[PDB]
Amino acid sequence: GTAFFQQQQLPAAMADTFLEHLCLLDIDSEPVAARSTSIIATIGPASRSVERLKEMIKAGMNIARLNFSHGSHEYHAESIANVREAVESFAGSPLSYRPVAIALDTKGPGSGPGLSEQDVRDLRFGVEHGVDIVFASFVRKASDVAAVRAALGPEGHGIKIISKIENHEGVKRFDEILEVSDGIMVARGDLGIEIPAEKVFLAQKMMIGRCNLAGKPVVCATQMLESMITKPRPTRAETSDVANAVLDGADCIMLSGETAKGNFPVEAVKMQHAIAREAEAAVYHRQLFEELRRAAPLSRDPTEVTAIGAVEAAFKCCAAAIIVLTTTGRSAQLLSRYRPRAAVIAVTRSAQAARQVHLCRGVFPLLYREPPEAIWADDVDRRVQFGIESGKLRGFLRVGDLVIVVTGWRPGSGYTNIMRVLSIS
């Protein structure tokens, strides 16, 4: 229909130049796709009640950040419990259940050179309490990441390490840090104090671009809607900043004081949700996909190979979604790196992976709870049908839509290799 091609900035996406693309942006072109940039919300006095946390999950919060610079282990354990209670209050309807990751933000070293003793204690707390992500403060070199990995021990092997770049050394040794990290956070608060305030946008734009190139999650953090700590609506600069972090290529956007101690924590999440949707529709996918494709090296990994084929096929048919079966979340991450306009609906039995895929832009995790079928092929089809039913319920899909289904040839992680074009019935 003609009405379909007027929505989600499709006239601006068809443009032959980036300049023409900007000229074609329409304020009356409504976003249709689900919001793909994840929202990380910092937990605190303003956002700890189980009832408040339920409203924040409904508003769009995907990751709950526990800032270990404040409060005790007793405090942070109560936080975790409330978050888990609010998340599990929706587990009765598995077709609409939304998993929420739990991230531990470390205090950092200070006048010291290596992992603080407090950081070791907090890291072991995180492992003991089952945190999904670690935002490692003041990462200056690759050995800092290794020290955090060591402090997580053998049981914390599944936790994701997102290195916070907060100073000039971190920016200068970025490549070696990214290589050993699972992703990066652009920690603008300290970065804006350690380097000239007028140079932070260069570091942000550079780090996001390099993470996009590497296929690793990148978080944009600090003062994004700061005025919403006290004021019910944000400034013109604030909405612009959020929209531009998405347009830069950020996988996640964050709320610090806006959710931890503010008067508008649910309003702050709803505002980030509203802006991200508008900004994602305004992304110039034509140039973006082409540049991501050109820059990405040749691969002999079937998962990587299937991922680019699936993304290419999704663009060809205007696929509503790409449904992927994933154990560790890697298959979904590899789809996400090519920035498809189609939602990546990731069906997994791993609750940890379902929470951790929120770090990847455009990945919508679905936790499958049914016990395995005797016939493996039947188990696969049940999980694909689960993705279709959830996607239909949540508005991602309609009868007649085309979806790309990404699966593998045998059970267990590492074997994705099949891409099938599917019509929704």
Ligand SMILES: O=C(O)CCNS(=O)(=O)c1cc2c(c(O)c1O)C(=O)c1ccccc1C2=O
Second form
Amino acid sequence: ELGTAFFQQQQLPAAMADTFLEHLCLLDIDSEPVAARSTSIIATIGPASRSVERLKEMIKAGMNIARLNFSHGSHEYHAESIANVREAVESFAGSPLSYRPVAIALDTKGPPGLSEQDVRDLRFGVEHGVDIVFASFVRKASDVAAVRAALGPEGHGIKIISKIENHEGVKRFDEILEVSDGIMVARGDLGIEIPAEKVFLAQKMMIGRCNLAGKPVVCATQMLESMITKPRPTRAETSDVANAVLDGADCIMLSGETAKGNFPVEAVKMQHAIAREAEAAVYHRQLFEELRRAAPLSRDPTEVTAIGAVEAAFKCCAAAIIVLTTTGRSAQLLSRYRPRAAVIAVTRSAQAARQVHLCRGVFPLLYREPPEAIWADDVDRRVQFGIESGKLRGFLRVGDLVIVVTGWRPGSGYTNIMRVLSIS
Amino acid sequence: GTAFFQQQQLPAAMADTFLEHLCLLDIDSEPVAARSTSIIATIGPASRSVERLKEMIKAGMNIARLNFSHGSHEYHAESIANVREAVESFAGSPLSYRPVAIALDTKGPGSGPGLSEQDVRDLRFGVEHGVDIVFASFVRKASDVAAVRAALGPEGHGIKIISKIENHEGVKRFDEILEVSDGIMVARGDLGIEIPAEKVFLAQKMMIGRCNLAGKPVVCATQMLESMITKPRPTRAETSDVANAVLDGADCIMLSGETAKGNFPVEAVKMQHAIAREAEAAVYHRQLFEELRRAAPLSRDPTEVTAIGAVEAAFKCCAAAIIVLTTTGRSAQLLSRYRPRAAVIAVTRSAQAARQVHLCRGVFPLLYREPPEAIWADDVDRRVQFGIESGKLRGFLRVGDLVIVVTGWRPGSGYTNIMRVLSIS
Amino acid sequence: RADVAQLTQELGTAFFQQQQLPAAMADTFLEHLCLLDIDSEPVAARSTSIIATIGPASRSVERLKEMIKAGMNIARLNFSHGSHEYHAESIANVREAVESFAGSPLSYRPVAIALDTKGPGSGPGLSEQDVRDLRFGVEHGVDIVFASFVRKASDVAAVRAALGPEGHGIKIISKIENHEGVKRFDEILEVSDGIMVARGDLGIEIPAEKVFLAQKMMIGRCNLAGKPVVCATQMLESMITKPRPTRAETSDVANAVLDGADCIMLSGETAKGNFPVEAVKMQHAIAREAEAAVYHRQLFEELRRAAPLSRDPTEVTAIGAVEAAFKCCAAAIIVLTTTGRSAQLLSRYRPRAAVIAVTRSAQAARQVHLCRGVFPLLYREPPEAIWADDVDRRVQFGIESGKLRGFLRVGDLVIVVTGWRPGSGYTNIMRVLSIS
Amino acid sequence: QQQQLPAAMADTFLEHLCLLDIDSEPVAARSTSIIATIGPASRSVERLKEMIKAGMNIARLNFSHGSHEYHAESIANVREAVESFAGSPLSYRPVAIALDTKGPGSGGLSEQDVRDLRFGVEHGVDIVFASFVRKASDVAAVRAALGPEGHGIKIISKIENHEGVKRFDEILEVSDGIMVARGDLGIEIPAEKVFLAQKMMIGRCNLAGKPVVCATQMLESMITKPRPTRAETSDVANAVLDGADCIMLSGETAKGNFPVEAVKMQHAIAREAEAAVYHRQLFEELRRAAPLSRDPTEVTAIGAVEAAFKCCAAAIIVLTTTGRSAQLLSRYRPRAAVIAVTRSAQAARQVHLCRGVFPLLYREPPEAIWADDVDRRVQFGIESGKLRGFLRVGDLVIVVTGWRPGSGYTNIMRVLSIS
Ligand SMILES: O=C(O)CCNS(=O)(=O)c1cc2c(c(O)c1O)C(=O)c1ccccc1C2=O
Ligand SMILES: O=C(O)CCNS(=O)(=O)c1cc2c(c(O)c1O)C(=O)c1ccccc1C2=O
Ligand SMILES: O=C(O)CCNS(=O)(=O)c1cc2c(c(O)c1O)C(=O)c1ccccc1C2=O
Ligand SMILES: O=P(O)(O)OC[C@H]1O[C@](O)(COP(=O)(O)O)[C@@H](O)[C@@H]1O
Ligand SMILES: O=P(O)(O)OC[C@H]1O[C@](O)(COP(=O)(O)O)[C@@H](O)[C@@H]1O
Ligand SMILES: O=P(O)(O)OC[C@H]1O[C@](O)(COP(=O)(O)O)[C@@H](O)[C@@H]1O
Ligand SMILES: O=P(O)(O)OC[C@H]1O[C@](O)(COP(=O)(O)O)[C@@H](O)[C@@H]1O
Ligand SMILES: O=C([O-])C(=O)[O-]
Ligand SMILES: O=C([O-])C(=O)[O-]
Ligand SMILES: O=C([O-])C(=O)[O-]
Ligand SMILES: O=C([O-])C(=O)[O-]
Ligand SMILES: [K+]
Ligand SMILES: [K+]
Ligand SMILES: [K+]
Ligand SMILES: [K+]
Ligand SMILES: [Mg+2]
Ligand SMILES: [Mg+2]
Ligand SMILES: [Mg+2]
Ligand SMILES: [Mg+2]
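Given the form solved without this ligand above, produce the structure of the same protein in the form deposited with this ligand bound.
Let's see the whole complex now, leading with the same chain.
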């Protein structure tokens, strides 16, 4: 069977509670997290975190997305930081147990509309193959359309994460989210534009609306601020990280902590440690019930398969949901239901593998084998690749149950199958 | 379309509370889904003619009950032959053929402590004549079920045992009886004489709730449409009783004197069909599905895991049906236990499984008669297509509908593990 | 366990095994059903009123005394049959049987008198026979009118006009008997005092298999509105000739109570049947079992969630009193009322505690039988010089009568609902009292 | 539209979060008490007057620092600042005095703690924040050191290590309340686990109906900066959303450059966070988990809170001798302010430990007839309520009183229309 020890770990006694109050009362500091950390860490790359050797330590510590702030530096400076990130990432390609995709995100300087510097920085992003744009001071839907147009003929696959930094962006949130790939709660400017005591309301509202929409949301700025000069964070800082994860954030971010601080690697390690504890403390029973109740009926087979797979994973405490995805969409639709099971996304697209770090609980595996002539064999090889990588990484063991999500024919947009396998 | 959301009590289905769900029930909201609660009709002088049996099958009879408290082995053998003749008269059109189970209802222990010698002989008769189900009278403890199982011998291992709870001891030892039984019958006739009449509804509701929690079939029986033995229309209490048995969660409803000896056997079957269909649409699935999931324990069985995923998927897209391939009926039973609003169309080659799955609410059995294709994946597809073609002919499905298809990874029973979202073309 | 552990130690495990209390503590409706126990005996007084139709089999004073002791709370006179002279004699016999118990005020049981109209027939509105029967009702001091075939709001206005200026106090319960009445339900309920789900005609006017939907919908809407709802016709039909009912009949009575009906009715079962007293006894027995089986945890939660916010102090006091009664497993809620309204507002929240309504109005004492769980006590003493002392005497009358009738025991907690000044409409106080 | 009422009406917690509005202004009085540590930066009578106006409800004296003479002078300055507002009885704000012990250090009750606890009794302190409580016998030792004269002093056990967290239930059982002392807890257990201990202890205290304080580094950067970090405002808001009855300032008020601004910031955040509480789920869960009871004060409290929610009552006015009737109302977390009218100056100060309890110290002449005396204490609550902005003409209030004088007899709830 599973054993009594299994049910004492990852806050499983608190998970079985009948009320949110009882769930809190059952949280246990001795109940150790077992699942892989699912909230991605975005680290801003700057003077303190630029070297290839330092970047290798940040990747090992848990950095999933490298942020380049175009409010500072230059094209030449950021291109060198990007090259160093890619060199550090590819230094682990020799071993399957250490290689991890790392997304590259460009954060714009900001604005009467799209600034000349933003047009040129967005063009630099397309030319350097960036995965994501964190668009500063998005105030309305037309600001997103301008960023989308500036991404030109080659950059339509780049994700646009609109940064909400002022009163107008909060008030026009629904129209901005509708046309964006996701949102960043940019608390630095938000805390100066609106009263500081109201930022938590904007953060919780935007995270809840993004969770309802199934779109990624980033919590940002001053999460571990004191760690710019101190080796350990304050009590308010660790609670801020934990509460951003409990709020429903897909990603958490470090700015000055990694760009200029004295402890960049330790700041990444601290966010990794807290996120893992907070993810186990999520009250999935109410969260899943409310996400299902609020999500409308759907005739899209990817959406229908995703909810069935997440329900199946909860039923058997599945060690993972393995999904085949080319664009990342099938993995994103699983992630929106917040399964406790890790979502292992097997893809041939290097860009999709980097971009899916935006979605909580998605573990990308880039697959490079040549295509099989028999499509069903190519699918089976990718599914077994997900299982063998899962075994190698500690996600899975023989005897475990996994949920497998595929489609009936090749090409993006046909996901319609959920299977229960049993690991051999 | 807007019309879709006005039918089958869908406005009441979207309510946030059970009280508001009741307030939104609409007598003009017509039922669309096929009737999912099976009807058991007791065979007798009123329902023994082969031609009358054909009318009862068309009216909705799913299970024919043989009451061994009346008549000899020669009488029951003739009843079996007549039922089979009426059932097989429709086998020439495989897309519309309806299997009908045959249940043997034992005489019982009488004044004895356990299995009577007449019951031993009747049970052996049942095995020799290939009955599908045994309704075991006056089950008081787990050893009564073991005795019935032993009397069926090695040749009757596939026969379902439905324990009839008819007295105080059976109600008190319910948990141990349900554990070893395939299902239960709330036998209200004797129960209403053995315990105070005003307490029977508590025993009925409790046993139906516990069977629903266990995922095992439960039958509500006796005097449901009693006045229809002599009158063409039932009383207001009788229609209410049928509707409330379905709302309680009964998998099956039964007719005794109404079909065995009365003057309106076909009309009694038609009345139970009409009421059950209305009551099934009035079920508050939002609370029911939530509570069945919450109470059901975690499972490592792939059939169980696939079943809950398929039911969740069916609710998400308002699937017209869940088509499942099954050898023993188990994969269909595990879908049924989650009470989907979507019809569970079970395709099987086992004639016995097709008859027995009528015990599970919402399971529509289709008996597949074609010999196996050389390529197993093609044989599976042909059976799924047979489910689709039968569903289109019977009115379950139309082009454009979404259906959930439940299959397994290898031949043989026990390997269901796949759920697939399919658009009907 | 922790939510009931201290009270289980104080009241004992036997207390928590009775009146379906294990099923009452369940966290889901499914678990509540699984925990229903035929060995869990009902303890509370029967709260769903029984309406018995008075006719040839139940007319004599001696027979009526047996029916009052068996549990009849409302006597129905069907003006579709008999005559003015016949029904006046039945009414006099009912009053004689009722007043035979008036010698002991601390046990006297009021019985309401209801007139059921013949109806409009093939006409579009109020018939001439109904005008005469309604005038008879006012002249004979009837408490309630069961108005046949109500199809729209103007039908109830016509009944109200026919009762004249002297019948303003008479309750109008509109009978819903056809498709139009069901479709125009909301406008009818708005102007009526309550509703009767008259299933006999309803089962002929709409498909028989749809009556349960109309019954459950109308009971739910009346529960939401806080207005009385009666379930009627063929509930124990076979008992017209047999001494025991069918399994569908007991189920029907139990399910009408579980649906939320305030009253249940007997027609031919008491008017002409061989076993009128046994039919009343059977409805009494089933209703007590079914009331205990109600899942109060979900019901109370849903009644609060659906009921809008209120600035009426009687309404605010009523929900606070019902919440307080549930918190301590109160034996009873004693309320002082002039019109019955404060008791009706307590009843709408469906407390498990009996609502003992102390009133000086003989008519209000009879009419409150329409509201589930209201036990009327007619106070006959002249007013004390100091109003606060008069209030206290009335509360003590409720306590002493409660102890004498078996509702209250020493050590019990009772909730007492009173107002801040004399006259109807000023209830605003809730008190927790320990019985000594 | 105000006080996050659109988010309050939501059918799910997720929809409640989606409906939170930065333009929906808080209207209710700030419910979560602020504990400020008094030290070099906040000692003067003039500075203490500004801290009282900014919202300080409890003055903490940390006996790990200073001396008996130093802390006695701080206490005298607190009392002088508090009494400077006594000339207007309808607006006077009581302020509690809390002694935080040095602790056991090496190893039961230290000899320094015995002397400091004696000092506390002699100086009439209201509360003891007992450091490093790891078992029930630590609480008994503190209680014994307070002697027969300190029977009325509240003991709030500070949970600062692994043992205190593991033996939480036995500690809470014998304590008046708890302090989640995150400074030591954050080095005694892994820093990334403190939030689990905080949320668990707050939840268990809420279930028990006993006060819980969130403490340490809440607005840390404000020791040198005029504005806090984004993590610090979030931390204050989340402690209130977690269910904390009190929030605390240590170095921020004891030695920092912006003590008054730190108090103002905690006041501003707490008020916003209290309106963002999802009362629909919270009341339902507290009401479901609170055990059945035959105690009339407990029965009246749930009836009164239910009644207040039904009519959107502006306040629940309660008469209390010890603070207990107000504490039992507070445990159900009403949105309505609990205005507690008491003659006990000590109970008025101590009741700041319970969220949403606004103490009014009654100093009007006694009425000859007890029923009239009760009525004038109720009218005093109404007049103070109107002057402070809690109540207006036309509002509905719930009034909670007892049937006889003396503590322990609360059994009446009344619905009253203002003016
Ligand atoms: O708004 C602010 O002032 C805070 C910005 N927070 S940050 O995005 O993490 C940030 C980014 C950067 C730096 C920071 O110290 C810093 O803190 C640099 O010194 C720097 C120097 C030269 C080239 C590039 C960088 C650079 O990219
Ligand atoms: O027709 C219907 O659907 C209603 C019948 N159900 S009843 O209202 O209870 C009912 C009422 C009555 C009778 C009934 O047999 C009867 O059954 C009488 O014989 C009778 C005889 C003489 C005077 C008066 C009555 C009299 O009032
Ligand atoms: O970090 C800790 O270990 C706790 C310190 N946080 S505190 O309790 O608020 C605190 C308290 C005090 C001081 C602080 O600077 C301080 O910060 C003093 O300078 C001081 C000087 C002279 C007499 C008394 C005090 C005095 O009481
Ligand atoms: O998430 P996406 O981008 O829609 O991709 C999902 C697709 O992946 C598959 O599972 C496998 O497709 P490929 O063989 O083309 O990679 C498809 O059946 C399904 O449509
Ligand atoms: O419900 P059961 O009895 O377990 O049968 C389900 C079985 O039916 C199938 O779908 C088809 O099997 P067969 O081809 O042997 O009929 C299997 O893959 C699966 O194991
Ligand atoms: O339920 P009703 O009709 O409003 O009557 C309640 C009234 O009864 C009382 O309790 C007593 O009033 P009386 O003294 O006039 O009988 C009033 O204080 C209260 O307003
Ligand atoms: O909250 P506590 O300490 O029990 O005090 C409540 C007490 O206060 C009162 O309302 C007023 O009593 P006093 O007149 O003695 O102040 C009592 O009736 C009640 O018992
Ligand atoms: O731009 C940002 O990241 C901010 O303002 O927090
Ligand atoms: O045997 C039966 O069916 C009964 O007693 O109801
Ligand atoms: O009128 C009635 O009572 C009926 O039709 O049921
Ligand atoms: O003593 C304290 O307050 C601490 O350690 O946080
Ligand atoms: K920027
Ligand atoms: K039999
Ligand atoms: K009539
Ligand atoms: K200290
Ligand atoms: Mg910014
Ligand atoms: Mg029998
Ligand atoms: Mg009629
Ligand atoms: Mg400490």
